[PDB]
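Enquirer: The chain contents come next:
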Amino acid sequence: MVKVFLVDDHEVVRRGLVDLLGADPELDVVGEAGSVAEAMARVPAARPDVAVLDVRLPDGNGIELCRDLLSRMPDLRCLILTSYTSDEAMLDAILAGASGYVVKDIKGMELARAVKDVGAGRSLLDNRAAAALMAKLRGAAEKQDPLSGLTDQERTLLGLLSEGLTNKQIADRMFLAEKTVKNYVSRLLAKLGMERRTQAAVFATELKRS
Amino acid sequence: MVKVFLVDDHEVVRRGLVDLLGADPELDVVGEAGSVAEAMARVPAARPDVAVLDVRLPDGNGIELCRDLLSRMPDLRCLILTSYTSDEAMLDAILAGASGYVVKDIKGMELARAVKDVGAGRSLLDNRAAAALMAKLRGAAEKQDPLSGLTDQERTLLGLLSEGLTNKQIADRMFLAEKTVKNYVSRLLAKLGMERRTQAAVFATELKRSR
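Note that the protein sequences, when read in sequence, are chains B and A. Mapping of the first sequence onto the deposited numbering: position 17 corresponds to residue 17, and the numbering continues sequentially without gaps. Mapping of the second sequence onto the deposited numbering: position 30 corresponds to residue 30, and the numbering continues sequentially without gaps.
Hints listed in this document are in silico derivations from the structure and should not be mistaken for laboratory results. Any given hint might turn out to be false.
Stated by the list, open to error - Which stretches of chain A does chain B cover? Using the computed rule of at least three CB atoms under 8 Å from a CB of chain B, they are:
id, region
1, 11-18
2, 103-109
3, 116-127
4, 133-141
Yeah, the Cβ is synthetic: ideal placement off N, Cα and C, and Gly gets one too.
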């Protein structure tokens, strides 16, 4: 079967999802967490095939969590709840073996981060050695660019989201008003296919499974 | 002249340093900032040669700030106040053209981060193209390794610090008690050569330039 781990800060949503996945004998809910810390301690212990995830968490966010989980467990499949228009489409994706768009997105971003890091640290190594690595690095990140559709500002914002910085920390770092950041985050999540249904619509759906 | 920018959240320390560098006609204080954000807005506008910096700030920290400043301004020389046993040794280092240890520490970290990033994002490209890239990255990072003296945990902490995370966010992410983080940070800073004198001793030194 498919071992599924649930990550969501709402009991009501966790219980509804447990109900949903329970009716499918092919699925096996092997644990749940209501925050980034819990999931970081519990997911590598349960070793699921798939993590089912809300982007909104009390102590960070789901982009941060996915990046952090993926570096420790590279083959983990990550499905954002609001990336699907319904729980049925989500369940189909699970059965289909879908990895989740956020996975490709995180890796795209890490390839691009690597270009920046070497870029910033290049005054340490040989002149010709630096240009050689720099060339091969951009080539790899230019081949694999799932984030090509984003502006620079959105790439940066995504980067900072993936660190688990708060909206206020992001605002301070990007010289934006906090309200503008909240808007930009939602614009960015929408652009990445992660606002296909609202948070309140997930809640109303899981709550009716009670 | 050497253009110097001061970053410290205590007015008493900024004034004392302004007094001190003003006595030297070879130095030119070109600006001051009392936070990460202020420094981020103001250093790229003043384009100093040197930033004189205290590791503790109200909205982040100096490792974070050096990292962010250096990515936009690669040639900036960054000198942490507590990396020197006295203001005289620090002034000597400004005169000598010293870049400051934090600079190469940060570039070392970045190289090592690049290894982890490609490590993590490698399932996207060719199996063979991935390895070749991976070898060339490690070879470049272990050849240039100023952080070699640190433990893995200290490397991770240093990375998290450079993102400007609070001690609480670091505790959460590293599964440590907050007071343990405070001790590990102070330990890591001391190991990096950045606690050659205390904060209180810097404060008392600048205070006696005013009174």
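Enquirer: If any of the earlier hints don't hold here, list their numbers in rising order.
Expert: Number 1 only.
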